[PDB]
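Undergrad: What follows is the residue order along each chain.
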Amino acid sequence: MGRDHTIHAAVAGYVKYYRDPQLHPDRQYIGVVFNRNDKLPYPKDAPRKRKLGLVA
Amino acid sequence: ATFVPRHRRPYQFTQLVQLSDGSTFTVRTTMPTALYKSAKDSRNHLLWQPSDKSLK
Amino acid sequence: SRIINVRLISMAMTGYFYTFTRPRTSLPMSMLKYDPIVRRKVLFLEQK
Amino acid sequence: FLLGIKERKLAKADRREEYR
Amino acid sequence: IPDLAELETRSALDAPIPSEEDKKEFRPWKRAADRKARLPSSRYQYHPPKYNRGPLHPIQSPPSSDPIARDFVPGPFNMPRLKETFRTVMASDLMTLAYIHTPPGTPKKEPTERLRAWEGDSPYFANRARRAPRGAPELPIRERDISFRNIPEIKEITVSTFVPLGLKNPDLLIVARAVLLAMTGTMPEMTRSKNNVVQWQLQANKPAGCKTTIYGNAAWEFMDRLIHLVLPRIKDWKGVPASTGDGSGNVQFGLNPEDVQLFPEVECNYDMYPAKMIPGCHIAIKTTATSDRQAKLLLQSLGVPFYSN
Amino acid sequence: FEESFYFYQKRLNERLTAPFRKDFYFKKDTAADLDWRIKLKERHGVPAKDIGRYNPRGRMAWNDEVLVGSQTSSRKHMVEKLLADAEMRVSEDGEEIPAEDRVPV
Amino acid sequence: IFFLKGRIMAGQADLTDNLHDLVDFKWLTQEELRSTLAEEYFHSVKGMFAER
Amino acid sequence: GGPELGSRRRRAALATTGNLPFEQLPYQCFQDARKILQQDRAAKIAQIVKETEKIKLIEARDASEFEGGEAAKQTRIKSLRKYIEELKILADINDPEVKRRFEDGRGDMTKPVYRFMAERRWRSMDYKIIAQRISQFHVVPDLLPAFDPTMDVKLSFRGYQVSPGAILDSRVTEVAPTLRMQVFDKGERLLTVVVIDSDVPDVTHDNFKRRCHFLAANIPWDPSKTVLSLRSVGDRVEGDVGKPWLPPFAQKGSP
Amino acid sequence: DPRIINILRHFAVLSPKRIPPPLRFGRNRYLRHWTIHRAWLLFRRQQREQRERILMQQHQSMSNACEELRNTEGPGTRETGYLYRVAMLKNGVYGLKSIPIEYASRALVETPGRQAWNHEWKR
Amino acid sequence: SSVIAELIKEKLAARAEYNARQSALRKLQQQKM
RNA sequence: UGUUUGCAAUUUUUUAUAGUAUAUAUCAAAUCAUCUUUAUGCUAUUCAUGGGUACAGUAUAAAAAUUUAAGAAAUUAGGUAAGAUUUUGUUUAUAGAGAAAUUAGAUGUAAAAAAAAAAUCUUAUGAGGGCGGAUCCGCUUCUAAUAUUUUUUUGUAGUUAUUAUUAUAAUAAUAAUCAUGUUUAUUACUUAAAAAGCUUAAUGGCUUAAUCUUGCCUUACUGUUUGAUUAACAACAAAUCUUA
Ligand SMILES: NC(=O)c1ccc[n+]([C@@H]2O[C@H](COP(=O)([O-])OP(=O)(O)OC[C@H]3O[C@@H](n4cnc5c(N)ncnc54)[C@H](O)[C@@H]3O)[C@@H](O)[C@H]2O)c1
Ligand SMILES: [K+]
Ligand SMILES: [K+]
Ligand SMILES: [Mg+2]
Ligand SMILES: [Mg+2]
Ligand SMILES: [Mg+2]
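Protein sequences, first through last, are from chains A, B, C, D, E, F, G, H, I and J. For the first sequence, the working numbering begins at 1 and goes up steadily by one. For the second sequence, the working numbering begins at 1001 and goes up steadily by one. For the third sequence, the working numbering begins at 2001 and goes up steadily by one. For the fourth sequence, the working numbering begins at 3001 and goes up steadily by one. For the fifth sequence, the working numbering begins at 4001 and goes up steadily by one. For the sixth sequence, the working numbering begins at 5001 and goes up steadily by one. For the seventh sequence, the working numbering begins at 6001 and goes up steadily by one. For the eighth sequence, the working numbering begins at 7001 and goes up steadily by one. For the ninth sequence, the working numbering begins at 8001 and goes up steadily by one. For the tenth sequence, the working numbering begins at 9001 and goes up steadily by one.
Mixed in with the good hints there might be a few duds.
[Said to hold, decoys possible] Computed list of chain E residues with no C-beta within reach of chain I, every gap over 12 angstroms:
(1) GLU4020
(2) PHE4148
(3) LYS4168
(4) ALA4204
(5) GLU4267
(6) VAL4304
[Claimed, not checked] In silico PhoX-like cross-links for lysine-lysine, where the CA-CA straight-line distance does not exceed 20 angstroms:
(7) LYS4235/E to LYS1040/B
(8) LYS7082/H to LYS7186/H
(9) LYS6026/G to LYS6046/G
(10) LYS8097/I to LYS6005/G
(11) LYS8122/I to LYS1056/B
(12) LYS7035/H to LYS7082/H
(13) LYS7099/H to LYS7078/H
(14) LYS7044/H to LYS51/A
(15) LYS1053/B to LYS1040/B
(16) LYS8097/I to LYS4238/E
(17) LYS8122/I to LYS1053/B
(18) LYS49/A to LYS16/A
(19) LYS1037/B to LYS5081/F
(20) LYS7044/H to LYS7073/H
(21) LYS4211/E to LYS1056/B
(22) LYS16/A to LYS44/A
(23) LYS7056/H to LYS7078/H
(24) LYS7050/H to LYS7099/H
(25) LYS1056/B to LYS4235/E
(26) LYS4050/E to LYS8097/I
(27) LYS7056/H to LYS7082/H
(28) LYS4155/E to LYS4168/E
(29) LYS7154/H to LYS7225/H
(30) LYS9011/J to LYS4036/E
(31) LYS7209/H to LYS51/A
(32) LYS1056/B to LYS1040/B
(33) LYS5022/F to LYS5041/F
(34) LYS8017/I to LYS6005/G
(35) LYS4023/E to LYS7035/H
(36) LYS7209/H to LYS49/A
(37) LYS9009/J to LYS4036/E
(38) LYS4194/E to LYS1040/B
(39) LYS3006/D to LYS4036/E
Hint data in this document are derived by calculation from the structure and do not stem from the laboratory. Cβ atoms here follow ideal geometry from the backbone N, Cα and C, with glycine treated the same way.
Take these sequences, add in the hints, and give me the full structure.
TA: What follows is the structure, encoded as structure tokens:
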């Protein structure tokens, strides 16, 4: 989130509009998933899905 | 960093309060007097002793 | 007229400066800023 | 400071002994 | 027994009471004098921090109970006669006076939701905001029955003094601050005006009074001085109005300036305050009661006469 | 335990409460002031009458805990000292009343 | 028998010209009370007792 | 008056004062407060004998008698057994010497009392920081679905204690670390130590893989043992080393 | 003005800089205070548990009598539980004259008065 | 103050030793600067 | 000799010793300005300005102090850390006090403790599962975790007291039960909407912080640079956000 509340992607991926009742009961969030078939919000107990993002 | 305020209390004494009936009890007060002889009190007021005829 | 633009001159005598605004009915400005000539944080003081 | 008063007070006592 | 074996065998609480001979040779005043030296200091030199940065800061503050702590207040010094009197005798009566017998197998009452929701067949009712409090804008607290587990008691007392004229004569606030100092035994906190009125010359956000709050035994002792030494001496006093009460178990009333000097703490030094600078105070007695009638009943149990307002 | 505890806490109050200003209760050079000063000298400067002899300040302030059997912490000793103070020791002229001509309370 | 509880502000009990056939009266503590009254009569009225 | 007696204040105060136990100091309030706790510990020990003999009666009782069978008999002895443990801790939690012995490190950790205070010390600060390191560094849910630590673990490299979550040098972390573990539970159990590196970069599949840098098992540990050196896991102490200590390393460029 | 200065001198003493500092106890003194603290809190428990035990017993006695009273009948041609329903009424309990001022006003005192009790009181 | 003097001497020596070391190293820093 | 005078009590570090990496002591720093004359004076008494005497735990003559409220005022707005979380209005009551002045209030619940059976999905960097083409992709069984069921149940004690039976104890029922803790308890969840506050109108947002309070600060930094504003304003330029 920027200064004026503008939301930007931090990673390459696909935009996903969802609601996280575990995080906040009455908020709606925007995310970015590395796999288009994934669904948010990710279960709090699942391992974090992250990409290396480096070249050798 | 919330400040921890220190209590500012004045010197206190232990005073004997002798009511108009002669009964004496101990109290914690700030006055320097040792014995407070009370000539007038609830034990010598008609409003608190409506049935008493001596005060009537 | 109420606000003036002052110049905070470096005290490393490197000639770098910072310009900030402040009201006339106030005290002179004085800050610890980064001088890019010597590449170190030095004391900057108002010009006059 | 405190010990200084001790030496000065003790010194004053020696002057007083001679007076007495 | 194996359970007893797990206990600390070197128990110090089971040691014999000290003897008399050893008691005679224990003279803390002689030990220091004979040494003629300063004992080395201990390496444990932890002192309570002046500021609590947070729960994970390396240096933490101790609980207020600890004597070294900067919030420590010496414990009780005596038993207030009014706190003893109420609990020993009065308490059994209030429980007896106000009692409603519940059958043996009465089902527990389920408290109703005071913020109602919309239930019905209209598709709009699902996501409607919870309804407002029915009646008053703010929800009033529900009364608790007087049982052996809930006996109304006095908790704290707040004495508040408002001195509008102080703004112009700053010496009215200094004297006012001193009166509440000796009357209650605490350091009053100055208060500021909040409204602006040109007719009354009242200006907003300026120091125009002080207040104090005494808790625990200090509150009980304050009631003793009020009910038995101050209030009986007021001339032509009728009693506490029967309309007093905020609807939650708190009683409030006001004293006149000539009755504030009747306090035993104020009269002894009545000549130390400049003339006609003694203020009037508002005394708010906060109790554990949950209703106005339960509070008035409590005060009646402590010898407080009420008059029909 | 209650008696010992109160005495223990009363002495702790000496080390944490503000000092007593006699000027706030007695006017200088009066019967009350002079009478308070004489009795204050008998108490060795302690403005209180139920805590014995203890100085919150000084090199010997640490010794605030009485030994076993201390009559000072008893209630009979408190009432005795407090009643030995209510008697006036100075007449209205500022002269110390003789010890034999003092009226007990 | 249902026993109510009463508080006496002042005065003394007088058995003169009593309607009920009462002979003597005495004010006893909780300790002396159990010795005078019967066991069953005492076991029923001991729940009303107080600390002191 | 050597260093084996304590600090300079003790060695100094132990030669200018009298020889008398701390519990026997002739102080009014201290001896009047020790008499209240005295008859209390006697009342708690008198309760442990009444609850102990009450279990035998319930133990030697046919399950058929209980209206709930054998299930209602184990839940009644469960609450009784737990009620005894609290009485054993409440019998010495007020002792002034037990507090002194535990603070001086000379307390026996095989007794419930000392383990109760030792656990109340760990939770006060040490648990809080490690509970924070687990969340902030994303140990959970990365490694485990949910984890609430129950024992203390402090690792030191070459004597110097390293704080939790501290970037260490590749030379300092070249030898097996020493674990200063304190267990607050009763009995002796086997503890398995696994050091896993969860940030090994795999450039082929564009993701991270997990690499185990140390693995050991079958390590007997009691609440009286404090230090464990990961070097002598199979030489001095009993244990099975699945994989010896691998020097941590991190290639240039990767976080 | 001189009287006001006397007032200020009282507040100047209560200033945070003038008041005494936080206590500084050694280990032996601190441990001794810990026992005094520990015992006092336990002593309150015993007074609390004792005060709460008596309050519980009294309530049970009232409930027993009330529950029993509800089942009884009479006197004479009165329906069962009439007396129970009459006892639960709270007429004047929350009024102004509910509890007599004299009984409540009298409190416990360390020592008795000149006349501890008045037997000459007449209706 | 028979045995305490011996202990105080160990205290004074330790303080004096460090005070000498502090001055023996502060002089070194003033040479590198 | 900083740190409370009766004795290994906080964290890290320095040094030393024993020791084969641990252990104790020691040192420094952080946390905190606790006040420190061992008596030299005072007090009482006595004896000729003076000389003694006093014997101290019920401590003492032997140190109660020895050479003008900022926590009553300032509406100070940014970085960062911590703490607090309805502050507005309305309403109730409250000496002076009135339509209009201050203060105190204004939701409810929980805190001994569960175990166990199957089912419905969903997930898993779980079994490197199996089969097609360890990790990719499509199929997939098993375990695990979350969610859900009103599901299938079992247990719901112990402690204090009461009552009932039984021979102070046992059993059953009933009521209470967050409490080893300075009751001003504490901690967690909950408490419609509007309103207050956030440099200024209006709109949206924030109460889990963007508000408020406090501590230390001045990144309101220098150079270059990324991706966007469905390719800013339907061009260009001046602009806005953002990355390294
Ligand atoms: N505070 C707790 O630890 C605690 C624990 C369980 C229950 N409760 C409940 O809280 C309510 C009040 O607690 P409480 O019973 O401890 O009240 P309390 O009377 O014992 O304590 C209240 C205040 O009075 C003081 N006090 C108590 N006894 C005293 C005495 N003998 N002499 C002088 N001062 C004394 C205390 O220091 C405290 O400040 C009760 O209903 C009780 O059941 C409290
Ligand atoms: K700030
Ligand atoms: K609201
Ligand atoms: Mg802001
Ligand atoms: Mg408001
Ligand atoms: Mg365009």
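Undergrad: Run every hint past the structure and note whether it holds.
TA: Against the structure, the hints:
With a closest Cβ-Cβ approach of about 20 angstroms to chain I, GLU4020/E is found to remain outside the 12 angstroms limit, as its non-interface label requires. A cut-off of 12 angstroms between C-beta atoms contradicts the statement that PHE4148/E is not in contact with chain I; the least separation is 4 angstroms. The Cβ of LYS4168/E lies farther than 12 angstroms from every Cβ of chain I, with a closest approach of about 16 angstroms, so its non-interface assignment holds. Residue placement check: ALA4204/E keeps its beta carbon more than 12 angstroms from all beta carbons of chain I (closest about 25 angstroms).
With a minimum CB-CB distance of about 16 angstroms to chain I, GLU4267/E clears the 12 angstroms threshold, and the non-interface call stands. Distance check on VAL4304/E: its Cβ comes as close as 8 angstroms (rounded) to a Cβ of chain I, failing to clear the 12 angstroms threshold; non-interface status is violated. For the suggested pair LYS4235/E and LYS1040/B, the alpha carbons sit about 12 angstroms apart, so the restraint of at most 20 angstroms is met. Straight-line distance between C-alpha atoms of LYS7082/H and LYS7186/H comes to about 14 angstroms, which keeps the hinted pair within the 20 angstroms bound.
Restraint check: the Cα-Cα separation between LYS6026/G and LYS6046/G comes to about 18 angstroms, which is no more than 20 angstroms; the hinted pair holds. The suggested pairing of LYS8097/I with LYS6005/G holds, with an alpha-carbon distance near 19 angstroms, which does not exceed 20 angstroms. Note on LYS8122/I and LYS1056/B: the hinted pairing holds, with a Cα-Cα distance of about 14 angstroms set against a maximum of 20 angstroms. Restraint check: the Cα-Cα separation between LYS7035/H and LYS7082/H comes to about 28 angstroms, which exceeds 20 angstroms; the hinted pair is violated.
Distance hint between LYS7099/H and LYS7078/H is unfulfilled; the C-alpha atoms sit about 29 angstroms from each other, more than 20 angstroms. Using a Cα cut-off of 20 angstroms, the hinted pair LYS7044/H and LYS51/A is violated, with the two alpha carbons roughly 61 angstroms apart. With a C-alpha separation of about 16 angstroms, the suggested pair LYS1053/B and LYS1040/B falls inside the 20 angstroms cut-off, and the hint holds. Restraint check for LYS8097/I and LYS4238/E: the C-alpha separation of about 14 angstroms stays at or below 20 angstroms, so the hint holds.
Restraint check: the Cα-Cα separation between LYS8122/I and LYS1053/B comes to about 10 angstroms, which is no more than 20 angstroms; the hinted pair holds. The straight-line distance between the Cα atoms of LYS49/A and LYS16/A is roughly 15 angstroms, inside the 20 angstroms bound, and the hint therefore holds. Annotation: proposed proximity of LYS1037/B to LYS5081/F holds, straight-line Cα distance about 16 angstroms (limit 20 angstroms). Under the criterion of a C-alpha separation no larger than 20 angstroms, the hint pairing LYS7044/H with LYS7073/H is inconsistent with the structure, at around 25 angstroms.
With a CA separation close to 40 angstroms, the supplied pair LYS4211/E and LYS1056/B exceeds the 20 angstroms bound. Restraint check: the Cα-Cα separation between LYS16/A and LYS44/A comes to about 17 angstroms, which is no more than 20 angstroms; the hinted pair holds. Our distance criterion of 20 angstroms between C-alpha atoms is met by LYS7056/H and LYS7078/H, whose separation comes to about 13 angstroms. Using a Cα cut-off of 20 angstroms, the hinted pair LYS7050/H and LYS7099/H is violated, with the two alpha carbons roughly 27 angstroms apart.
Our distance criterion of 20 angstroms between C-alpha atoms is met by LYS1056/B and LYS4235/E, whose separation comes to about 16 angstroms. With a C-alpha separation of about 54 angstroms, the suggested pair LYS4050/E and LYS8097/I falls outside the 20 angstroms cut-off, and the hint is violated. Restraint check: the Cα-Cα separation between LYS7056/H and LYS7082/H comes to about 15 angstroms, which is no more than 20 angstroms; the hinted pair holds. As the CA atoms of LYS4155/E and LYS4168/E are separated by approximately 36 angstroms, the hinted pair breaks the 20 angstroms bound.
Taking the CA atoms of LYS7154/H and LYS7225/H, the gap is near 13 angstroms; set against the 20 angstroms cutoff, the hint holds. Between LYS9011/J and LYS4036/E, the direct Cα distance comes to roughly 17 angstroms. Compliance with the 20 angstroms bound is thereby established for this hinted pair. The straight-line distance between the Cα atoms of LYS7209/H and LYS51/A is roughly 11 angstroms, inside the 20 angstroms bound, and the hint therefore holds. With a C-alpha separation of about 15 angstroms, the suggested pairing of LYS1056/B with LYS1040/B holds against the 20 angstroms cut-off.
Note on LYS5022/F and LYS5041/F: the hinted pairing holds, with a Cα-Cα distance of about 13 angstroms set against a maximum of 20 angstroms. Note on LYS8017/I and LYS6005/G: the hinted pairing is violated, with a Cα-Cα distance of about 58 angstroms set against a maximum of 20 angstroms. Proximity of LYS4023/E to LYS7035/H is assessed by CA-CA distance (about 17 angstroms); at most 20 angstroms being required, the pair is judged to hold. In summary, the hint linking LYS7209/H to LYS49/A is supported, as the alpha carbons are separated by about 12 angstroms, within the 20 angstroms threshold.
For the suggested pair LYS9009/J and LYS4036/E, the alpha carbons sit about 16 angstroms apart, so the restraint of at most 20 angstroms is met. Restraint check: the Cα-Cα separation between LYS4194/E and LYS1040/B comes to about 41 angstroms, which exceeds 20 angstroms; the hinted pair is violated. Taking the CA atoms of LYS3006/D and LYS4036/E, the gap is near 15 angstroms; set against the 20 angstroms cutoff, the hint holds.
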